[PDB]
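Undergrad: Based on the provided sequences and hints, a complete structural model is requested.
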Amino acid sequence: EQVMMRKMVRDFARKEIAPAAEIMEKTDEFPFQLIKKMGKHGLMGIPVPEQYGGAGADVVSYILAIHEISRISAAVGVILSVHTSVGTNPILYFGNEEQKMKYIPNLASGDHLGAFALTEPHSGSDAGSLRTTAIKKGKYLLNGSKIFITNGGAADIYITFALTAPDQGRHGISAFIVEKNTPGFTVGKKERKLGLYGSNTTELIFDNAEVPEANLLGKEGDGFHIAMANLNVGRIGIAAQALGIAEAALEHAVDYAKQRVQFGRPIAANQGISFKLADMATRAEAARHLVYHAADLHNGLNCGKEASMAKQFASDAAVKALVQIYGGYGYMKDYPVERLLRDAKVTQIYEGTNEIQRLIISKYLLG
Amino acid sequence: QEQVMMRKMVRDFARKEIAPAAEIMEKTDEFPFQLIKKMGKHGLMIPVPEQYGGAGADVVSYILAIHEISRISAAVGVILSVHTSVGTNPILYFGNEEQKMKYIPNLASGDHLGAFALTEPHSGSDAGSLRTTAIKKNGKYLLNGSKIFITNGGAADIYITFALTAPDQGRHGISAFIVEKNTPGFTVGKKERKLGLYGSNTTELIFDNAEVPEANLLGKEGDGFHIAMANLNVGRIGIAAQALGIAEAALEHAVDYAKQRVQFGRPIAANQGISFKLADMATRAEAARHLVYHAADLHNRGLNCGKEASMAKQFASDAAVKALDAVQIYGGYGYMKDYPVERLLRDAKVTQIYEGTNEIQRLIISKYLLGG
Amino acid sequence: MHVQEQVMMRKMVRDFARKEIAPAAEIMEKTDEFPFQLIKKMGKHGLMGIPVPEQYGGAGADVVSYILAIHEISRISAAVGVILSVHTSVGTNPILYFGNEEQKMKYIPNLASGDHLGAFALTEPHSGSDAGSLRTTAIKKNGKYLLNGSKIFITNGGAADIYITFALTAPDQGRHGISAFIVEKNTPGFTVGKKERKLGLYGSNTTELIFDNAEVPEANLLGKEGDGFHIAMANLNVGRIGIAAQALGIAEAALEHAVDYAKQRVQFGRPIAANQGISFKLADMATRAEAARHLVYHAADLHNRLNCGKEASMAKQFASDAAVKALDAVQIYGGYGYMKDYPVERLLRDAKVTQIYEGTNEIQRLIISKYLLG
Amino acid sequence: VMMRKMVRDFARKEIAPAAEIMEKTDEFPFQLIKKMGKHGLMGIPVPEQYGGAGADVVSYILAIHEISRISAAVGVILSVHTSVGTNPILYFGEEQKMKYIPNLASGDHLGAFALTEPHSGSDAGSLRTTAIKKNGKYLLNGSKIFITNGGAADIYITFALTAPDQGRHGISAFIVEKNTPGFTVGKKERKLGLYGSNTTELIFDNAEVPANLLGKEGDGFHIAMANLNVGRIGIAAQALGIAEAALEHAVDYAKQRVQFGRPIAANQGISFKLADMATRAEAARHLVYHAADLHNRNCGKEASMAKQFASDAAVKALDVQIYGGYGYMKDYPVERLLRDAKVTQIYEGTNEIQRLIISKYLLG
Ligand SMILES: Cc1cc2nc3c(=O)[nH]c(=O)nc-3n(C[C@H](O)[C@H](O)[C@H](O)COP(=O)(O)OP(=O)(O)OC[C@H]3O[C@@H](n4cnc5c(N)ncnc54)[C@H](O)[C@@H]3O)c2cc1C
Ligand SMILES: Cc1cc2nc3c(=O)[nH]c(=O)nc-3n(C[C@H](O)[C@H](O)[C@H](O)COP(=O)(O)OP(=O)(O)OC[C@H]3O[C@@H](n4cnc5c(N)ncnc54)[C@H](O)[C@@H]3O)c2cc1C
Ligand SMILES: Cc1cc2nc3c(=O)[nH]c(=O)nc-3n(C[C@H](O)[C@H](O)[C@H](O)COP(=O)(O)OP(=O)(O)OC[C@H]3O[C@@H](n4cnc5c(N)ncnc54)[C@H](O)[C@@H]3O)c2cc1C
Ligand SMILES: Cc1cc2nc3c(=O)[nH]c(=O)nc-3n(C[C@H](O)[C@H](O)[C@H](O)COP(=O)(O)OP(=O)(O)OC[C@H]3O[C@@H](n4cnc5c(N)ncnc54)[C@H](O)[C@@H]3O)c2cc1C
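Taken in sequence, the protein lines are chains L, Y, P and S. Going letter by letter, the first sequence gives residues 6 to 142, 144 to 305, 307 to 328, 330, 333 to 377 in the UniProt record's numbering. Going letter by letter, the second sequence gives residues 5 to 49, 51 to 327, 329 to 378 in the UniProt record's numbering. Going letter by letter, the third sequence gives residues 1 to 3, 5 to 306, 308 to 327, 329 to 377 in the UniProt record's numbering. Going letter by letter, the fourth sequence gives residues 8 to 100, 102 to 218, 220 to 306, 309 to 328, 330 to 331, 333 to 377 in the UniProt record's numbering.
Derived by calculation from the structure, the hints in this document are not laboratory data. You may find that some hints are simply not true.
[To be verified] 30 Å max Cα-Cα, derived DSBU-like pairs, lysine-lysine:
hint : chain 1 : residue 1 : chain 2 : residue 2
1    : S       : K343      : P       : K195
2    : Y       : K31       : L       : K196
3    : P       : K264      : S       : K373
4    : P       : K373      : Y       : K373
5    : L       : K42       : L       : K141
6    : P       : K141      : P       : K105
7    : L       : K343      : Y       : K105
8    : S       : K373      : P       : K327
TA: This is the structure we're talking about:
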């Protein structure tokens, strides 16, 4: 199942994702035609059961997919990763049978695209201190703003978090299935970022936004728990993204390595260079196992600490690629390594900054 | 005094002129022709003597300029750095009295802009193995081949160009040439699209039976490799200073943001996870500062400074790239082009690569250690 | 070490370790004397031939269980961990894997039981990293091989009864003319040097060996002449996973001690752990130890099930370097960590070895890089 | 006119043999100290008035740097003696200066600094040793720990709680003499390294201290930290010397030692370490000397930076590795450098504290 998934995703990736990725780096435009295709090829709901219209696979297979896709494109990797793990799964895992049946099949097929609306200008690490309010009068009425929202403006469904009980803090947060055509719900301009060219990261404005009471992702007050619960599987995905990034750095670096001659010998013949390659390879084998064991735990097990470790390790390891080995050429947009640095750095920041991850990890230890 | 005055003068200029220009450069990716001109009028274009039309100041003052300019703009810092250290100085130090007089005043004033042509598709780190030939025919040298990754490319009026006069001698058969931009058969390639240094024109150069006057031969035939490396030393201290400025900008921005930004009921700075980064940044910037200025003080005293300059380049550069932290301290906001830290990373990484990759620098340093 | 079973071995070694190895280890740190009595005991408790089959008088277990043992023992004592590791992986296994049925029967049961102790004899003053360029000669004469030259830095030196010894047959062939020999300790002309005084692994006996027309029986030739280099490296792979497991145990001890101390120790009105300066080290320690764990056990799972050389190199380098990074543990105890009466200072001293023997980390990166550039 | 040259020659001639005896014996080098005394190395930044080489703080720190190339142990003994055993008297202490310093300066007397306690270290403010005046003689009670120069020392600059309800603000500083009634020294500690710099516990049992009150009551915390600044530059200089010894040894060995048909140095794996070592030692050198030049000519942030940088850089002479198996051996000269190095990250303010302090200047 898994060996087959990997080969399927590798071939698709190389054939379809590779050309699209170069267009994304050049255009900075969300790959609407690619997403669609990935949808037809059954990539958009991989750890979703067949009941609700997905591929009926796991978890390792799903994370595996994200790993493989991220080799070729970190952007597409995060789009897929968010879509499923925090755009679809919250419904799958905390939603009711009616909602699962209404919302997931279109998400699974890829006819619909998923988003995760947690972060706010004032709340972003301290996600507990979010300010968006949801006041009920069988219609919830949402007010406030989100920031840095992956899949912004492409997305049809936004899993959105909003205060139902403001005088409780982290405990008074509820979670909502928000549809894109919601009356006072607006999307901000595409944010201009260091990297993940292609992605589509936007602000969201909620102005007395009318969200149906039935779209409450239940029950009221559970939202903070819902968020973090999924962010765990999400973080393994980010780690897998970081992994793919790092492998792409390595493979490119080896081949260039190797071919490129200076001082009468290929640059690789120099230990200054070869030792980097080995270090890259070693930290990538380290990262690999952190990621897949974390995903194997989740595939009924407490996996939170392991997922934090993976995210932090892979991300930091990935940034450690750095461009240098390509030399001057590596500083060039026409060559394939400069993107890996730009893209890498994100991995240390979102779905929980590495400062937070160390904090979380340390909390398990001091337990 | 001269130095303390230079520093304040360059700080004020940078801030009023270089700061607006720098944002235009990050948006347009266009060489800042106007700023350069202005910098020219304000006598920044520094370690040249007054005889030949410069500011008559010393190397510390000059490096100190590059440092300060690089706080605001690494791009403008390298353009300046190249122009002087490797576009102007080779003439100043190895050229003859006639050439000094002909070429330098316009370079010094900033009426003319300087470039340094060494690197080639097949020759970079191993600069010895360059392939551009210069064959004397008819009292004119006749240049053939190509250069790559040339800073100041297409803006520059003078290109200090290195080319084989004696191909069978390898590194020992390289000569150095004062090439003028309007030279027959000398052509400039398209602006290269880079990770960073946004405003700084980096281009290819095509030499097609390019006719260079015999009188533009810079020093004796075969001296070119020595000339190159000799200046690359002062050039490397400048790169280090660039890396320093980059790093200081990262720090200052990071401190301010970290003080103001509140999460968990406290400013983010109150967290040792964060504050400790800042301290590390500050400490490695204090380390870097002294490497740079002692290296420049050695050179100012006419002394052997090669090893120290390598150390500075490698230290500051690596330390600067370590303002991945600044991005982190802002971030998500740090990942955003509207905020001022993402450029520092993009710009930082180059410092590890050009005027001698840090692999080369460690190699060089190690060669001093081993002797012998 | 997941995903059996092997859960029984781990508990068995953990209990033994804590009960018997712990007191012995404090004596070793104080005395610097090889723990003859512990070894004996470990022998009775069936720890001395774990991945040896039952046929030849061992425990009949697999390589994960074995490496697992070494991991557990090294939590308490890195010294005793290496003594065990060498004994089995390079003192007993070369016979097991390359020796003949008669030799296996003669030499292994006593090694397996722990009645006899094993050693590895490769390194020489002039050949270490470049083990190929060893100079000890083995010249067949009379009715006997005749060995000449010297070994250095030999773990289990003077305690050991059997020394798996490598010597030139074969001088004009370099690395291809090396042979391997089962050398017994009471061999005429074979002498042991004084106990070497080391930074750490107190007291894992490390000695010089002098070979003076040393008379080794032809029947003690381990496999075919010229196979010795191959035999050495082949085992050094399983050996390196063991060294990695040693580094792992070291690192986990650093962590566990560091956590406990950091929670209890109060300064500025709060436990030191409440400071991110401190907690973040702990998290890093824990994270790199999870990373290391998987490198080690997957490497050993490959070997249990395949080509494992690259993975073993990765593990050895990763765990070793990670381990030296405690050193944070010393720091976390503060002044007290610099003290011989407290339990962290030994972890540093011990750690550093793990970067050096059974193939320095410079060599390991080289090896790894050779698989990449292939 | 700055020697070095004097301290380098002395070091190599006298300190080198002594240092090998110290590593073997773990015994405080009483005879060397005496000699260093005669050669005018004890009291370097002390004025001549008080007996006194009459030199400046660069020349002093320079001395410590040079000595630490060869020893570390001897370096810290000297460093504590002067910067925190003698200087507190010199800077906070006319009658007392005259009584106590000349013997300290000459090296007839040896100096110590008694701040740290089992319960107070990094948080030195929360010390528990009490000093209660009864009547007109102070009466000291409690314990110190980890005291450099312990049992060799004649004078102990001791800190002790004159106003217990004021915490950090109720600490006083005392000139304690070794023959004081009720003042006892604990057993030699036995450490990872700095073999044998005597490090001991001190027991204060109704210990009778006179006029030996150092400055005004309540000033003790300020006195301590004030000196700990110059002390920290010294520690940095110690870390520097350690690092330079690692480098020089590593270069020579790496050039001579042949494997794979070429000297090990020919390998970039190895050479690159050497270069990094050299580069971080040049970095460290300037941090140290600029910090000391500031103090000579305030200097707190720079001294913290130096201590942290040099110390961490020095520990990074784990790169032992270059000597290989030989480096793990007590007969070879690099294993000591690691063992010794680690201390430099810990005492006179752990590097966690130093980052904290530095960060306080940044955020202020
Ligand atoms: C491309 C992109 C896409 C994103 N997509 C989404 C999305 O789809 N959904 C979503 O919810 N969010 C998204 N984010 C937001 C991201 O989750 C947050 O930005 C992140 O948690 C950091 O929050 P912040 O941006 O408010 O900055 P802050 O959290 O203020 O971080 C600044 C610094 O503070 C540190 N920090 C803060 N508190 C502590 C503490 N207690 N201990 C130690 N360190 C601390 C962090 O290490 C960091 O370096 C995205 C961001 C980016 C760049
Ligand atoms: C912004 C920028 C501006 C520039 N400006 C100029 C200019 O004004 N004039 C000019 O001539 N050139 C310029 N260059 C070119 C620059 O100096 C070169 O990129 C540099 O010398 C290395 O050349 P390379 O890119 O081919 O790297 P290569 O020489 O191909 O080397 C690639 C990698 O291999 C390593 N390597 C190669 N050989 C060895 C060895 N023996 N040991 C260890 N490591 C080795 C390098 O360290 C590097 O990691 C510029 C480049 C940039 C990016
Ligand atoms: C060989 C030796 C000689 C010595 N000589 C002397 C001497 O002559 N005179 C003298 O006065 N003292 C001396 N000391 C004592 C030394 O000053 C102390 O060890 C040190 O100040 C800290 O004390 P501690 O060991 O209790 O560490 P603790 O204060 O318990 O701290 C332990 C750990 O917690 C961390 N920590 C605690 N609080 C914080 C915080 N708020 N933020 C971040 N991190 C924190 C520290 O970084 C450290 O890693 C000596 C020590 C040794 C080992
Ligand atoms: C506790 C301990 C136990 C030991 N046990 C045994 C044992 O049981 N059996 C046994 O045979 N031996 C044993 N040894 C010896 C040990 O294996 C050697 O020290 C090791 O093989 C390295 O060789 P070396 O000591 O000569 O240093 P060298 O190999 O000369 O190396 C010196 C340094 O240079 C590096 N180096 C050398 N050449 C190269 C190169 N081409 N590329 C990159 N780096 C290079 C090394 O990485 C090292 O850092 C032991 C040593 C110790 C300390």
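Undergrad: Keeping to a limit of 30 Å between CA atoms, is the pair of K141(P) and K105(P) held or broken?
TA: holds, 23 Å
Undergrad: For a C-alpha distance cap of 30 Å, please report whether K31(Y) and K196(L) respect it.
TA: holds, 16 Å
Undergrad: Mind checking the alpha carbons of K42(L) and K141(L) for me, to see if they're no more than 30 Å apart?
TA: Answer violated: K42(L) to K141(L) is near 39 Å, above 30 Å.
Undergrad: Keeping to a limit of 30 Å between CA atoms, is the pair of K343(L) and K105(Y) held or broken?
TA: violated, 38 Å
Undergrad: Can the restraint linking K264(P) and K373(S) be considered satisfied, given a maximum Cα separation of 30 Å?
TA: holds, 25 Å
Undergrad: Sort out whether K327(P) lies within 30 Å of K373(S), counting only the CA atoms.
TA: holds, 27 Å
Undergrad: Holds or violated: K373(P) and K373(Y), Cα atoms, limit 30 Å.
TA: Holds, at about 26 Å.
Undergrad: For a C-alpha distance cap of 30 Å, please report whether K343(S) and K195(P) respect it.
TA: Given pair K343(S), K195(P) holds - Cα atoms ~13 Å apart, limit 30 Å.
Against the hints set out earlier in the document, violations occur for numbers 5 and 7.
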